[PDB]
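Here we start with a single chain on its own, the form deposited in one PDB entry, put down as structure tokens.
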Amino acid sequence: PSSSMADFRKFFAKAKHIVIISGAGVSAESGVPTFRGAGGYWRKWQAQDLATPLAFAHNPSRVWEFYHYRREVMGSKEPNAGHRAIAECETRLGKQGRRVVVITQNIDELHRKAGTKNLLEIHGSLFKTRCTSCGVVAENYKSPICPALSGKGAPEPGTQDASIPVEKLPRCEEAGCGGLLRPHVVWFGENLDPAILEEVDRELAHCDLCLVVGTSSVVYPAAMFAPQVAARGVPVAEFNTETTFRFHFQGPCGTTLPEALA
């Protein structure tokens, strides 16, 4: 797999429909905790313990504390140079009639905060709710999302459950509903939204260039997407911090992407 930036730039100059698959590395470069890897814990748990329907079912207060913490944490985080290079790329090429689309597993909206408009959030967002009764999806940036969660969600091991009664957790504000909100995020063991998958598949089908950033082409979720793009003969360029498709560029996305997408 080539590491010739100058060859990649020749493809990039000619591309009219770029798909950018964005993974967790792009978020880790902004200091966003993932609660996934080795060492990534919230109290005594990781994401696979709390990001589950069963966990929300048994202890919705605890799960909301976890997600409340992740929302409020975002007030001190910023998009990095990788985010910015990707958004600036969409803006510039859009003025030329050229399409850029970002397909991300990240739920922290730093791509949006950087200015990306063409964004497919395949795991949802920290800043969207979904009513477990009526299914309405709504934007929610309120700090705190409800009064009972003010000051809750502390991550230190040893923090006690807030044990908020389900009635004082975030409730649906649709007239005549009032059901219990959940985070509008895809949990472990859950289906992706099929309308999103359909949109993903149309982009993968039409693109002439595909970028995989901050993750590996060989693992979920990019493994779902890059191979069928590569199968059609479309070049795929990987930007991650591994030591090993047409291109692989080693390093933080914030270092390589500004040059690659200039």
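Numbering follows the first chain given and starts at 1. Rigid core: the largest C-alpha set superposing within 1.5 Å between the two forms. What changes on going to the form deposited in another entry:
Just a single entry of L54, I196, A205, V218 exceeds or equals a 2 Å CA shift between the two forms, which is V218 (rigid core superposed).
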Contents of the next structure:
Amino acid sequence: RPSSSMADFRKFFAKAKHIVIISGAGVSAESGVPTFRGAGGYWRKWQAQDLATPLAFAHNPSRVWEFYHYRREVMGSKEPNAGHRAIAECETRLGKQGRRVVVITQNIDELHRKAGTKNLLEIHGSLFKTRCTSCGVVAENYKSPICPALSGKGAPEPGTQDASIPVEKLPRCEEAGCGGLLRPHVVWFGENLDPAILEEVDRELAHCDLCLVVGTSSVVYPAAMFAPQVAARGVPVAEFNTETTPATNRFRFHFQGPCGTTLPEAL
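Could I have the structure of this protein in the form deposited in another entry, to go alongside the form deposited in one PDB entry above?
The next block holds one chain only.
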């Protein structure tokens, strides 16, 4: 069934008054941005599903920041693409017209935010946000590097050497009289989700009259808990992906290829 109609699609898109846009790894990967919870591209000597766990920060905090210094870093040179932008501009327009567009995004790169998207829901946090592991405070952090110690430390290559920066040298909360060890405020495997962020997610799913999916779909994680709700209520689901045919899900629309291509036109 999954219609291939940018025709009718453009019909509902003109009709619908509260669009919710679930964003995917793909959207970020079309930029220049490094996926790791991905097929290949390990980061040095370890699995990245394996560095991004709470016990990693427990056994070597140093070499995890090592992993996220890099992350934070690499994106100095990466930009929002035509997808990030189509979506942004579409938000603005109908914004003053008189309609809500929302963007739900598992990604942590903040590329949507650079593109000018105001309604963002990053359901894994940002790697430009820190959490003090002591007085769980949260904070925009953009400093390059994050800690003098980490300057030059983080090398992509393998057989790179460790770093083993004494905890005390790692990122430390500036909160007056705290100084606990800073971690990345980014949802880890085994880790759960901002329940607030979820009750808004779920909120914008009951009230949405148009739903979009881009990058990584309803068949593949992290993206699923959101596909099911839309279909039952009686609401159309356009899926925009780069995954040719391999799949386990279908709905009112599917399109193909980069969302650089498609989206600009669509929205």
